Structure formats: structure tokens, C-alpha cells
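Next up is one chain by itself, shown in C-alpha cells, the form deposited without the partner chain.
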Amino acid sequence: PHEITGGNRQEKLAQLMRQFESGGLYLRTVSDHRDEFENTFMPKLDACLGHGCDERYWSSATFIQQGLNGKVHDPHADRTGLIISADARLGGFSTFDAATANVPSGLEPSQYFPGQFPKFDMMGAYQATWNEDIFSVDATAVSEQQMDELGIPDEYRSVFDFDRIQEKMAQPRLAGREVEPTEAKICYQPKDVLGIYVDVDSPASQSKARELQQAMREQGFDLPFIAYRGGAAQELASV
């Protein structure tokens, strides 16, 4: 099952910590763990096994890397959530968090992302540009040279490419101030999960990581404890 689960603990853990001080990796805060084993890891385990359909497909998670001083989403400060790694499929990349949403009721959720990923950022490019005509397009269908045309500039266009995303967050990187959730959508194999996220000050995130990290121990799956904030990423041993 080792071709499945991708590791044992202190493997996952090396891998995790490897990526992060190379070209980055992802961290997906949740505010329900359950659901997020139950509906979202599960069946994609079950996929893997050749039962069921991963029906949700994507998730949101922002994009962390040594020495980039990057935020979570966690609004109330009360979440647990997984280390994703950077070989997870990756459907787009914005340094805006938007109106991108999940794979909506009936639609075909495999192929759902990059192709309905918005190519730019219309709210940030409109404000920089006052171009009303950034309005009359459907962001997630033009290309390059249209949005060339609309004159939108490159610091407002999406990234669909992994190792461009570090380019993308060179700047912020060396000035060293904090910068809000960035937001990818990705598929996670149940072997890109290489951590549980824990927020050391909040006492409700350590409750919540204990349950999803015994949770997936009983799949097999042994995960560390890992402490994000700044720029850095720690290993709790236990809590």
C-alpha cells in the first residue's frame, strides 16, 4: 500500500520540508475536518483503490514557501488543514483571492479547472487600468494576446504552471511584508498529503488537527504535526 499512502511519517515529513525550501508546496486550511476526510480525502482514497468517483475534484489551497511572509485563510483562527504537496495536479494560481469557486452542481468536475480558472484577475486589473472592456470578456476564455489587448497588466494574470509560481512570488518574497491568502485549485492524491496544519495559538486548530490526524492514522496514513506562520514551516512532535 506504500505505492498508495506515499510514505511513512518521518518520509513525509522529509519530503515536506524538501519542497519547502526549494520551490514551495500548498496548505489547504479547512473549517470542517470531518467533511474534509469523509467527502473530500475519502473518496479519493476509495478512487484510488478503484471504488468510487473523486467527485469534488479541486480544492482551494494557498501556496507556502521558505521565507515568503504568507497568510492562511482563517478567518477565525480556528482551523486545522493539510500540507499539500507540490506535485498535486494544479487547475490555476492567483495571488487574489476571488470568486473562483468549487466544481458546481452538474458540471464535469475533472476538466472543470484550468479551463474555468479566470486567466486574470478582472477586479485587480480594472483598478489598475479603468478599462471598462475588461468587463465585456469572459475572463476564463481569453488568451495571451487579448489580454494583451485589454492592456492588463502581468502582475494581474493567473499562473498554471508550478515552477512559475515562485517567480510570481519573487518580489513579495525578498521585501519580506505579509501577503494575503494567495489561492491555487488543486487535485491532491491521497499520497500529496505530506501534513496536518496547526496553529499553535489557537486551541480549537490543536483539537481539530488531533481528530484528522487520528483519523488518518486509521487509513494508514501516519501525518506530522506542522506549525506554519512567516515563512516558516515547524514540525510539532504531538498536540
Contents of the next structure:
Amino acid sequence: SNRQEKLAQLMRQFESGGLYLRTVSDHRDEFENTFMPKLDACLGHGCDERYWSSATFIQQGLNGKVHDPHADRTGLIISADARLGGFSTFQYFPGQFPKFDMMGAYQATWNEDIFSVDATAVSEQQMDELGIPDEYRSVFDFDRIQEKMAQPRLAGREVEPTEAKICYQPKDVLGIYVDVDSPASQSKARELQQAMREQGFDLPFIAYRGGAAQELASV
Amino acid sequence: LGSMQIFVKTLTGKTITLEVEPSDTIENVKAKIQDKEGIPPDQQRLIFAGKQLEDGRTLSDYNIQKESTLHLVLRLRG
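With the form deposited without the partner chain done, generate the form deposited with the partner chain bound in the same format.
Every chain and every other molecule in the complex is listed next, the one we just looked at coming first.
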């Protein structure tokens, strides 16, 4: 797709069911060592699911923060059609995702039986038997991300960065994240967008914050 | 040898720093915690990556590497 087709697909997903945002501390490392290996495979014998990445769920009206401790990251807006390996409200292939937040579950219930199980290998019935509340459980399909975030989005309360483990393909990259208050973010996004357009992926700049998003011309 | 540094967070926000090595048993890491926090090893739970580390096993047996973060939870005994 060209820039305008990705933007329209971006907005359509953002204003309906949502999609993913992945900030990166090193755009060059992300471009060279994640995106390019993915494209090499796609232009070769086929796309493969070797590289998994951390991302945040974003959706219109969901006052969600992204992971940017020093307020200086660029990032990728990634289609909701990306392979999902696990999602939680708080060197990887699927299976390593905890089914619940053990420490979070313990400070909620104080049930010391939580420590008898592996949170990466526990059944749905044992979690029930342990009384693990739903807000500390991971989910593993896109519709249940939507459900888990439905209540904060409707209330309009600000929420902390969430994490999903996704496997995105070049098809799925729809925009470049820009932090409007950070010169460093804009400089990094400027270089990342140029390098990706030169590969055939002309992407819009997307200023996301507070459940809202707007395209930009340059940064 | 091969000495490394990990972090141990309590249930009251406190962060402890340890110099450890991946051959150290969970029994030995708890003895270091006793030295700095005064907690006998029989009253310690060490949590990492959603599982409580068992005595007898070592640091590598749980694939704990440099600057990982463990969680200390106290227990009555056992």
C-alpha cells in the first residue's frame, strides 16, 4: 500500500477495534535487525514468525500511555492483523508468556497457594481454584484485549502502558510514532520513516497520545 | 566467577542489590539475603518469571542472567 492507504487502514482500525504501538529506543537497531530480516524472508521463500516484539494496545478513546521513560522514542504503529502471543495490563517465542501476574495476584488476594504453581504453565481451572482475579490474568486473542480494556476506555481513566507480544510482518507496519513534545523523538522518526520509504514502505507520521491520534506531514 | 549482579525487591518497595554467580544455589542466594536483610532462608520465597525458585536448584537452572529482578516474599517456615 501507499502512504494514504496505510493511513486509512490505520485510522479505520484505531477508531474501531484498535491496534498496536511499539516504541523503540534504537530505530536503527529495529530497522536493521528486526524489520529488514523480516522483509528479506517475505521477499524470499516466505514470511516467517522468528522475531517477536513488545507492543502496547492503542484505541480511540483509550487514554493509554506508551512505554517511553525518557520521552524520546520513535516507534511503529502496527496493524491489528499481527500475530498475537499474549497480552497483559502489566529473546522470546510464544509459551514464555505468564498466564497471570503472580506478584500482582498475591498482593490482591494474599493467597500463598499462588506460589505452588508455575504462572507460565497453569490451567484455567487451577487459576479459578486459586481465585486469581481477572485483572491479573493474561489473555491470548485480540477480542479479549478489547474486552479487558473496555472498562478504562469507557470511563476515560488514564491507564499505564500495557504489553502484548506480537509478531508483525512488513505488511502490518502502518505508521511511525512521533512524540510531539520531544525533539529527539521527531529526529529519530524522521530517520526511520526515510529508511522505510526507501524500502518501499511510505508511512504516515502518527502523533498518538491520550486515546487520540493524528497524521503528520513531516517531523 | 562468573560473578554477576541481580536485584531483589521486597513487598514494601525496598530494592536490594546482590553480587551473585550463576552457579550459586537458591540456598546460597538466600544466605546472602539473610546477611543484608536478616531473614532466615527458611522464611524466604524467591520469585522469578512467575515461579518460586526451589532450594537445591541453582541460578542457571532458572536461566537467571545479569541484572534480573527477583521478588522476595516472606513465609512462616518451610
